[PDB]
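Build out the structure end to end from the sequences listed, making use of the hints.
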Amino acid sequence: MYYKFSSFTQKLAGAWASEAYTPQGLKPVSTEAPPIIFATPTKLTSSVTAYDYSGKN
Amino acid sequence: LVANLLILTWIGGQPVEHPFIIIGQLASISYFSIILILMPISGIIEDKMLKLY
Amino acid sequence: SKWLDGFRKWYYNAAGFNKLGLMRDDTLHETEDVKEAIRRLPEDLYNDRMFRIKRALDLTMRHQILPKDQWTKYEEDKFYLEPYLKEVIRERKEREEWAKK
Amino acid sequence: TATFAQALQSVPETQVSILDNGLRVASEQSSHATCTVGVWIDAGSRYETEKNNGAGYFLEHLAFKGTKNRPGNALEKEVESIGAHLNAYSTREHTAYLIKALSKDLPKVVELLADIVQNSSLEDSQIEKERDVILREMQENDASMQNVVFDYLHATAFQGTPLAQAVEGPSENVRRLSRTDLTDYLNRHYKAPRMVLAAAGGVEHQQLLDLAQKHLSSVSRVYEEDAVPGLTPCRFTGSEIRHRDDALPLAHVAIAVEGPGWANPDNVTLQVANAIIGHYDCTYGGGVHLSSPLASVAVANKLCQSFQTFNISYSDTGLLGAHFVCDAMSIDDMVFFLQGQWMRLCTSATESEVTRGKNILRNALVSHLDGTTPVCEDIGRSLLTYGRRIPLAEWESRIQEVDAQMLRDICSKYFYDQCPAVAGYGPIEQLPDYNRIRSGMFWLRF
Amino acid sequence: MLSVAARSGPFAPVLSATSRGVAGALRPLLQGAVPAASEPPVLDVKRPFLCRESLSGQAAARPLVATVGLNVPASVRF
Amino acid sequence: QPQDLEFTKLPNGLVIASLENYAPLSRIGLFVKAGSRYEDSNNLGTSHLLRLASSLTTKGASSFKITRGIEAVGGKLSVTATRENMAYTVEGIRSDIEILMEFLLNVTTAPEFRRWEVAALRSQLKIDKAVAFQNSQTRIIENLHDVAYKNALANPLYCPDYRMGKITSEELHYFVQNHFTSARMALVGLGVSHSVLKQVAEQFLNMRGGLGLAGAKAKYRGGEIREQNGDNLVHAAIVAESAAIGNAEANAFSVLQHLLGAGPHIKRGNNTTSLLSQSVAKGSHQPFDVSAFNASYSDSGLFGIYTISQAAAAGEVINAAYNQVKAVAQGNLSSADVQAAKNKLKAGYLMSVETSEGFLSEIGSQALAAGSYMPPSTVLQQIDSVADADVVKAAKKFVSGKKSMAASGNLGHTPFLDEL
Amino acid sequence: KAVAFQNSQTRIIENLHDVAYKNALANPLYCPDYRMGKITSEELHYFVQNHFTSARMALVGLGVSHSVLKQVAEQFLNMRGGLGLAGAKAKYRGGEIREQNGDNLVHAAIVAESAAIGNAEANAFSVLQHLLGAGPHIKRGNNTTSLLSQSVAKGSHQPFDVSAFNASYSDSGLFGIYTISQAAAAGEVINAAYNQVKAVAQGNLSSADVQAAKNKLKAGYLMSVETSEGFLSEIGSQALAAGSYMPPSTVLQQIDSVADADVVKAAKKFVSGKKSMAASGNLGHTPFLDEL
Amino acid sequence: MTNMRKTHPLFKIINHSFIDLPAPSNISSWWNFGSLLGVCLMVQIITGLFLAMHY
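Chains as they are written, first to last, in the numbering used here: chain A, 7 to 63; chain B, 244 to 296; chain C, 41 to 141; chain D, 1494 to 1939; chain E, 2 to 79; chain F, 390 to 809; chain G, 2 to 293; chain H, 649 to 703.
By construction, these hints were calculated from the structure, which means they are not laboratory data.
Every residue gets a Cβ at the ideal spot worked out from N, C-alpha and C, and that includes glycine.
Treat the hints with care, as some may be off.
[As the list claims (entries may be wrong)] As a list, the in silico EDC-like pairs of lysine to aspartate or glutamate whose alpha-carbon atoms are at most 16 Å apart:
| id | chain 1 | residue 1 | chain 2 | residue 2 |
| --- | --- | --- | --- | --- |
| 1 | B | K294 | C | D117 |
| 2 | E | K47 | G | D104 |
| 3 | B | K291 | C | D45 |
| 4 | F | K454 | C | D117 |
| 5 | C | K126 | C | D45 |
| 6 | G | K275 | F | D807 |
| 7 | D | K1795 | D | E1844 |
| 8 | G | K39 | F | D620 |
| 9 | G | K155 | G | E189 |
| 10 | G | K92 | F | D807 |
| 11 | C | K49 | B | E289 |
| 12 | G | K215 | G | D257 |
| 13 | D | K1707 | D | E1604 |
| 14 | C | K113 | C | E70 |
| 15 | C | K113 | C | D66 |
| 16 | F | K792 | F | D620 |
| 17 | A | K17 | D | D1608 |
| 18 | D | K1570 | D | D1625 |
| 19 | G | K23 | F | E613 |
| 20 | D | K1597 | D | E1586 |
| 21 | C | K141 | D | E1844 |
| 22 | A | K33 | D | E1665 |
| 23 | F | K539 | G | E292 |
[Stated by the list, open to error] Here are the in silico distance ranges between beta carbons for each label pair:
| id | chain 1 | residue 1 | chain 2 | residue 2 | range |
| --- | --- | --- | --- | --- | --- |
| 24 | F | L809 | G | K269 | 26 to 32 Å |
| 25 | G | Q50 | D | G1653 | 55 to 61 Å |
| 26 | A | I42 | G | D104 | 47 to 53 Å |
| 27 | G | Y35 | A | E38 | 19 to 25 Å |
| 28 | G | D210 | E | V66 | 45 to 51 Å |
| 29 | G | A185 | A | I42 | 55 to 61 Å |
| 30 | G | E292 | E | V66 | 52 to 58 Å |
| 31 | G | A185 | E | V66 | 49 to 55 Å |
Okay, here's the thing in C-alpha cells:
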C-alpha cells in the first residue's frame, strides 16, 4: 500500500492497497485463460574448456 | 529581363565587332544583376512599402 | 512623410489585390509560420478569409474584377493576421535561439 | 545556503558491522519517528536447479503464513498490535522481507524478522492453500502484459542458463513441489553469510547490533555437505520471441542488449544515456515541447502509447534497452526512431543533452531516497551487490566526469553493432524481422 | 490530521487526482495506456425546440413502443 | 540539524511556510482553495482543464520555455487536485531553486489561456479521464460522491463527457480570477530558506488580495446508484453523513475506520484484526475485500463500508458487514481493540509524513485550513484523547442516518438500501 | 439503439423505469452498452424455448377466414413446453436519477405507483390523466382545457410542455407528471404542476371538466382503433391480457362508469405515494424529491 | 457491384493522375504549354524513329 517492487530498475516504487499488498486477484479460481510458458525450446548447451596453459604434461 | 534575353538573342546572332561587344557586356551584366541582386532588393522595397516590415 | 504616404496609397492601389476584393493579409505566401498563423485564427476571420480567396479565384477564372464601389479601400484593410504571425515568428525565433546553444 | 556538494556531504552515512555468522548488519539514522527494518537474502531464481523453480517464491508466499513460536494467524495479530506494515519481494537474485514500523517497537520487529527468516513452520494444508493462491496470482500477473514481455525477454536473452527461468516457475513446478523441496531450499540458500540486516530511520546501530546478537545469532554457520554453491557467468545470446495474439488491443515490444553488470562503473554512463531518452506516457502534460527527441517524435507523429528505458544489472550481466507499448500500425516506424536515437548516442551526442541527462540522473538518484523504505532497500542491495553502501556524494562524484566523448565511446561499446534480444506480444505483425533490427543496429558510413 | 490523503489510508489516490505537467526523473508505477475505444455512429442534427407551439406533444404520456420493420424504418412511439 | 518549520502571514492574506532541511534537493508547493467544490453546473470540468494547464504559456514564460527549462534543470512539476483544494508542486536540486519557483509562480499568476492551446489539450483531458476511469474504485467513488451530495461536492474530479470540447478560455479566466486569490494561498518550501521565498512572494504575489468567491455550502441527500457493468466482481460502497474536518468526532470516525479495517497491513494477509474482515470470513468462503472508507472535508464527511465481492455472493458480504457495524454500534467492543486502532492510526499518520512530498502536502493543508502547523506529538496526544464511547456514538450516528449506496457489476443478488 | 436514443424522451422514460422498479420492469427495451458483444445464440434459443410457449400466444387476423387460422394454428404451433417462466412480480423501488448532459431544455418525469391493468381504478387514472392534460388537440394551440398547462402558463413566461404520464402493466403501474422546460425555469414549472395536482387532490374540480375529460378519453380510444394496425394491436393486447374479446361499446360504458370521487382518490394516491424521478438537462435549478 | 474506375489495378492510376485530379479553376492558358511540351517531345521521338528505321 506504500511500496511495491517494480519500475524496471529494481526499485520500491509507490502502489495502491489492492496493487502492492494484494498481488493476487479477487477472482474465484484460475479461469479458462490462454496458457503460459517462459521456456525457450532451443535446447542450447554450452561447454566450457577451462584448461591450464602450463605444466608441460 | 525578358527583353534583355531578347537583346541577348539578337546580339548572339550578330558577329563580334563594335559596338556589339559592349552591348554584349552590358546585356550580360544587366542579366546577372537583375537575376542576382535587383529582384530581391525590389521584393524588399515592395514588402517595405506594403507595411509588412 | 505625407508624400511617402501618398505614394504608399498609390502603390497599394496599383498592386491590384483590391480589385479582387482581397485584403492585405490574404495575399501572404503560405509558409509554415503562416500556416500555424492561419491555424490559430478564430472561426469568423478564417471563414471570411476562405470566402475572399474563393471569390478572388472565381474572379480570376473569368478574368474579371469587382466594381469600383466594391473594391477594398485603404482604411478598411486592417491587419488581422499581424499579431498571430508576429507571435508565431517570435516563438520560432526563441525556439531557434534555444536550439542554437 | 549551501551548494549541491556541500549538501550531499551532510547526509548521515550508514554504518555496517559483521557478525561471527557472516550476517552483515547495516543501519542509517535520520530524524524520523518511524523506521524500516529488513532482511535481504541472496537467494533468487538464478540458484534454482530447474527442478525447484518456484521454491523461493513458494517460501516467500509461505513466510508470513506461520512460524514455530507463533503458529498461524495469531502471528499477524502481533504485528497488527503495533500498526506495523510488512512487505516482501523475490527477484531472480534477491529475496527481501521488510517491516515498516515506529521507532518504539524495534525489538518486536527484529524478533519477528528472526522468527520469519529462520523458524518458518511449513504446514501441510498451507502447501495446497498457497498452491491455489499462487496459481491465481500467476494468472493475475500474466493478465498484465508488461510482466509477460519482461519474462519473455529474460527467457530469450539468457536461454540455456539458470537466469532465464521465471521467479514463479511453470505450472508443473507449482504442482509437484512439496515440503521437502522447500526444506532443502531453506537449508541451502538461507545461510547466515548471505543476509543483510538493513535498518533505516529512527534507530541506532548499537541497539540494532544487540538485537541482532540476541535474536539473529546462529542462523546456519554450516554448509552440510562441504559443497560451496556459487555462480557461473550466464551468456547473453541474440534471439527473437514473437507471441502473436491479434485479439489484444495493444502491442508491447521490448528490445535490449547485454548490460555490463553491477560492478562496472560505466552503468552510470549508460544511465545518462537512458536519461537522454527517458520515458513517455499518454497522460504526460508536456505536449510537443518535450526535451527528449524520441518522445517528441512519438507525440508529433501520433505513434506511441507509452515507452520506458531500462538498465537492469545482475551479477556480471544485465539487460539494457527500451520497452514500448503502442498500436500495431506504428510499431516498425518507432523501432526505426528508437534505433536512430541509439545511433545518435554513438555518433552525435552533443554537450547540452549530456548536461540535461546528468541533471536528470542527479534528480533520479536523490529523489528516490526519500523516507526510510527506499533507503533501506538501497542499503540492502548495495551490501548484497556492491559489497558496500555507495554514498550519494560518491554517486555525484562518479556522475561528475561523465561528458560527451566517453558517453559516445561507452554507447558505441554497448549499442553499436550488437545482436539484440527482441520480445513482443500482441498484434506484432508489423514488428520487423531480425535482419532489419540487426541492420538498424549499425550505419553504413557512420 | 489534515490533508485527507494522509487521513484516508487505502483511498488516498482515488479521492485526489495527480497530473504531471513536466515528466520527472523517476518513471511512475502503473503507467497505463488507453485501448482502441469504440466510436459511436454518426447521426443527423436534432430538431431544435425554440417555440412553445412546436413543443406541444413532445412530452410523453403513454409507455414506450419500439417498431422494427423489414423495409420500414424503425419507429419509436412515445 | 533541521530547524523548526517557520511561518509568516502576509498583510494581503498570503500564508508562508518554510523549513531548511539542508537537503540536496528542495520542493516548493503552492496550495490554493480552488478545487472542484467551487464550481456549478454551468462550468463543470473547469478544474480538470485547469489541472492539466500547468505547462501552458504564461505572461513571461512560454510552454516551450517552461518545459525546456524544467527538463534541463531536471526538476519535476505536478499538481494534486483534491475536491476541496489544489496543490502545485515543483522539486529540484539546489543550484537552480529560484528560477524553478519563478516558473511555478508564472503558472499561478498570469496564464493568458490561449484558445488554440486549450483546443489542443481537450483531447488530452479525454485521454486522462479514460486512463483514470480504467479501474473501478475511482468510478465507484465519483458515483458515490455524485449521489450522496446534491450541490457543491457532487462535482467529480474529471470533466464530464458532455463538456469535452465545451470549455473555453472565459470560464478558466473566471475560475482563476474568482478562486486564485492571495487570501486562499499558501507557499510552502521544504529544503529552501525562508527569507528567499518570502522576498519572492513579496515581489511577485501582488495580483489579487481579496477573499474571492466562496460560500458553496455543500448539502447531503443520500440515495442509491446501481451500474450494471457485467464483470464478475461486484463493488459496493455504503456510506452516510459523518462529521467534518474540525471536530473531535472526525478523530472518533478515523479511530472507528481503523478499528473496522483501513486496508492491508500484510503482504497477502487475511486481516485478522479487522472486525468486518472477521465477519465476512465467518460468513463466506470466497475471496473478498471489505474495508472502512472515510472521506471528511471541511463542511461534511462521508463514512461507511466498501466491499468487493463476487457476483453471486454480494448480499451476504453486505449483510455481514452491516451486521458487524451494527454490533459495533451497540457498544460490543473491547478496549484492547480500541488501543490497537489508536496504535494503527498513530503509525499510519507518522508513516504518512515519511517522504518529503507527503509532509509538504500535510503542512500545506495545515497552512490552508488552520494557518499554522502543529507538531505530530500533539496530533498523537489528540488521537490518544479519543474515548471508546465516542467511537460507539460515531457508529450509532452512522447506523441511524440515511445512506448513500454506489454499486457496480453484476447486480442480480446485490441488495437494495431498503432491503438492509 | 443510437437512433432510438436520438430522442431524449426515450432516455427519460427508461431511466424512470429503472428508478421505479426493483426488478423485472427496470430492464430496458434497448440493449445496455456492456451487453453489445456478449449476446450469443444460446441465450436467444433459451429465450424462445422458455418464453414462446403455446399458451402465451394470440393469433389474430383481419381479412381471413377462421378455418385457415385453425389450420395454421394446429399445423405450426402445436409443439411447446406449455407455460414457460413465471416472472418476478415487479417490486416497486422509488427514488431519483438525475443526469447532466447539457441540453438546452430540461426534462423531468416524476411518477408514483398506480393501478395495474384490469383494475377498476385504471380507468380513474386514465380520466385523471386526460383531466390534467394528455396531449394537444389543436396544432399550434394553447391547451386551455388542460389544467397543468394553464397553471404553468399562469406561472412562467418561457416555452414549455407539461403533460400527465400514465402506464398500466400486468401487476403494477406508473402515473405522474412529465415536464419539458428551460434550464433556470425548471423548478417553477415542476412546482406549479405539483401544486396543481395537489390542489386537485383535495377535490377542486367541476363535473363539466370531468365530462370533458371523459369525452376526450372516449374520442381518443375510438380514434385509436380507426386504422387496421391499431385495431389489430388492441385486439392482440386484449387477447393476451384477459383472453377474451371485449367490444368497444362495453369499454365506452366502462369509461362512463367512473365518478369524480375516484379521480380525487387517484390524485390523493399519487400525492401521498412514494416518488420516482428521472431528470436530464442543465439541472442547476431543478429541485429534488424532498424539495417537493 | 463495384465501381470499375476506382477499383481497377490499372485504371485508378490513370484516373487519379488524369480524371479526378483536383486542379485550380483559375488556371490560364500558360500552364497548357507544359502539356504541349510533353506531346512535342512525343512527336520528336516519333520523327526520330522515322529518322532511323528507314535510314
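Hint check results:
no.	hint	in the structure
1	B/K294 / C/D117	holds (11 Å)
2	E/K47 / G/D104	holds (11 Å)
3	B/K291 / C/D45	holds (12 Å)
4	F/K454 / C/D117	violated (35 Å)
5	C/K126 / C/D45	violated (24 Å)
6	G/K275 / F/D807	holds (13 Å)
7	D/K1795 / D/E1844	violated (29 Å)
8	G/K39 / F/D620	holds (12 Å)
9	G/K155 / G/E189	holds (11 Å)
10	G/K92 / F/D807	holds (12 Å)
11	C/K49 / B/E289	holds (13 Å)
12	G/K215 / G/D257	holds (7 Å)
13	D/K1707 / D/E1604	holds (9 Å)
14	C/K113 / C/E70	violated (24 Å)
15	C/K113 / C/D66	holds (15 Å)
16	F/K792 / F/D620	violated (25 Å)
17	A/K17 / D/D1608	violated (26 Å)
18	D/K1570 / D/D1625	violated (24 Å)
19	G/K23 / F/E613	holds (12 Å)
20	D/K1597 / D/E1586	violated (33 Å)
21	C/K141 / D/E1844	holds (10 Å)
22	A/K33 / D/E1665	violated (22 Å)
23	F/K539 / G/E292	holds (11 Å)
24	F/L809 / G/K269: 26 to 32 Å	holds (30 Å)
25	G/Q50 / D/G1653: 55 to 61 Å	holds (58 Å)
26	A/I42 / G/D104: 47 to 53 Å	holds (50 Å)
27	G/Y35 / A/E38: 19 to 25 Å	holds (20 Å)
28	G/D210 / E/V66: 45 to 51 Å	violated (30 Å)
29	G/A185 / A/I42: 55 to 61 Å	holds (59 Å)
30	G/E292 / E/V66: 52 to 58 Å	violated (33 Å)
31	G/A185 / E/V66: 49 to 55 Å	violated (33 Å)
When the structure is compared with the earlier hints, violations turn up for hints 4, 5, 7, 14, 16, 17, 18, 20, 22, 28, 30, 31 and for no others.
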